[PDB]
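2 protein chains.
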Amino acid sequence: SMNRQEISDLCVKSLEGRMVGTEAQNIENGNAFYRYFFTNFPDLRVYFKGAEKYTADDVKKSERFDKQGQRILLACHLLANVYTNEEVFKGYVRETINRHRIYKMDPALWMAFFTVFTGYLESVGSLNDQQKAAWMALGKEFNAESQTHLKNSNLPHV
Amino acid sequence: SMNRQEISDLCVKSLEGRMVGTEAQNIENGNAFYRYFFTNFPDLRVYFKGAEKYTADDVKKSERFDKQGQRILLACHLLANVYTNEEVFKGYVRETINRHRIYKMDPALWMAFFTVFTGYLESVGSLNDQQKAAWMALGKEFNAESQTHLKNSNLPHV
Ligand code: HEM
Ligand code: HEM
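Chain order of the listed sequences is A and B. Residue numbering for the first sequence follows this note's numbering, starting at 1 and increasing by one per position. Residue numbering for the second sequence follows this note's numbering, starting at 1 and increasing by one per position.
By construction, these hints were calculated from the structure, which means they are not laboratory data. Every residue, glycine too, gets a C-beta built ideally from N, C-alpha and C. Any given hint might turn out to be false.
Claimed, not checked - Restraint ranges, calculated between C-beta atoms of paired labels, are given here:
id: 1; chain 1: A; residue 1: 56; chain 2: B; residue 2: 52; range: 39 to 49 Å
id: 2; chain 1: A; residue 1: 129; chain 2: B; residue 2: 71; range: 33 to 43 Å
id: 3; chain 1: A; residue 1: 17; chain 2: B; residue 2: 56; range: 26 to 36 Å
Claimed, not checked - Listed below are the simulated DSSO-like cross-link pairs for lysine-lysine, each with C-alpha atoms no more than 27 Å apart in a straight line:
id: 4; chain 1: A; residue 1: 13; chain 2: B; residue 2: 90
id: 5; chain 1: A; residue 1: 90; chain 2: A; residue 2: 104
id: 6; chain 1: B; residue 1: 67; chain 2: A; residue 2: 140
id: 7; chain 1: A; residue 1: 61; chain 2: B; residue 2: 90
id: 8; chain 1: A; residue 1: 90; chain 2: B; residue 2: 53
id: 9; chain 1: B; residue 1: 90; chain 2: A; residue 2: 90
Chain A extracted, bound-state conformation:
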């Protein structure tokens, strides 16, 4: 069924209630991702040097994660809104990968994120099998390129 264009629409809709901004509610969506991420996937807190043991409250009243939650949420809207333009989509992912090499992540998490993120959108407002499948379509596309680039950069890949 799913072509480049249809995936986008789907993904963008999922996020239309989780819009980025400068206001309290806009800052909440950002912060809330890490609250959920840290609660249910606490073993990945390692990469977050110093936040490696943060409880849901520590993140809630933090400014590091009000900055970092706003950055991740703005990244995820970016992926949804440019997916239609393949070469640029692949471009952005390569940049994501580069700015992540410093933490030297486990090269399977590039898939895992969308479990967390769909699991986060499924935790805040609403979702569906069509939307969640599009995110996974974007994920396969993300990881598809993410590995190609990891093996291209002489780096740990699967």
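Based on these hints, arrange chain B with the ligands on the given structure of chain A.
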């Protein structure tokens, strides 16, 4: 006049001859921008540490601007592609301003950059008045949120 969808389309089309990628051709599309930048706006070389006196040959033989070129070009691609979504656009502008805090730039250069970009586009190939005015409408929005963000961030602004 002209609208968000109209701008998007014109701004994107003008960029198909300067696409991002891993091949030799794509990598120079970012590189040639700096070769242009430095050859026509030398007084702005001050920002690029170590590269304040660099030439076209210096930039060409540099693997630093190969990295750095793809980044600015990608950034401008994402700008053209997400323009239809205003909040995601505003978000990416605030983020761009954030990532430029360290250089403490002349706040007037946020408008000025697009003059340079269309300048580059015309040096490379085809760029019509509609394509040029579209970028100029896009820039007038980028800059608008630039100064707004810097204002409520306690940093200098025009
Ligand atoms: C699920 C696997 C991931 C892990 C373990 C991870 C981990 C991290 C960590 C530890 C940081 C730095 C936080 C700090 O020290 O303050 C970071 C930054 C960041 N991450 Fe991720 N991340 C993951 C997935 C992603 C994905 C898929 C995206 C793209 C949508 C992304 C986008 C970003 C952005 C935009 C930043 C900060 C700004 C930048 O470096 O450009 N992350 N990440
Ligand atoms: C004439 C105005 C501008 C100047 C003088 C300028 C200057 C710089 C400098 C000094 C760097 C550091 C890179 C290095 O040292 O190798 C940089 C990186 C970068 N610039 Fe700009 N910039 C300008 C406008 C813009 C605009 C409008 C954008 C938005 C598309 C942008 C996007 C970026 C990006 C994405 C990077 C890569 C590093 C990062 O993301 O933090 N720049 N720029």
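Outcome of the hint check:
1. A/56 / B/52: 39 to 49 Å: Cβ of residue 56 of chain A to Cβ of residue 52 of chain B: about 48 Å, so the range 39 to 49 Å holds.
2. A/129 / B/71: 33 to 43 Å: 37 Å, holds
3. A/17 / B/56: 26 to 36 Å: Roughly 49 Å apart at Cβ, these two residues miss the hinted range, so it is violated.
4. A/13 / B/90: 18 Å, holds
5. A/90 / A/104: 20 Å, holds
6. B/67 / A/140: Roughly 26 Å separates the two Cα atoms, so the pair holds.
7. A/61 / B/90: 25 Å, holds
8. A/90 / B/53: Roughly 33 Å between the alpha carbons, so the hint for residue 90 of chain A and residue 53 of chain B is violated.
9. B/90 / A/90: 22 Å, holds
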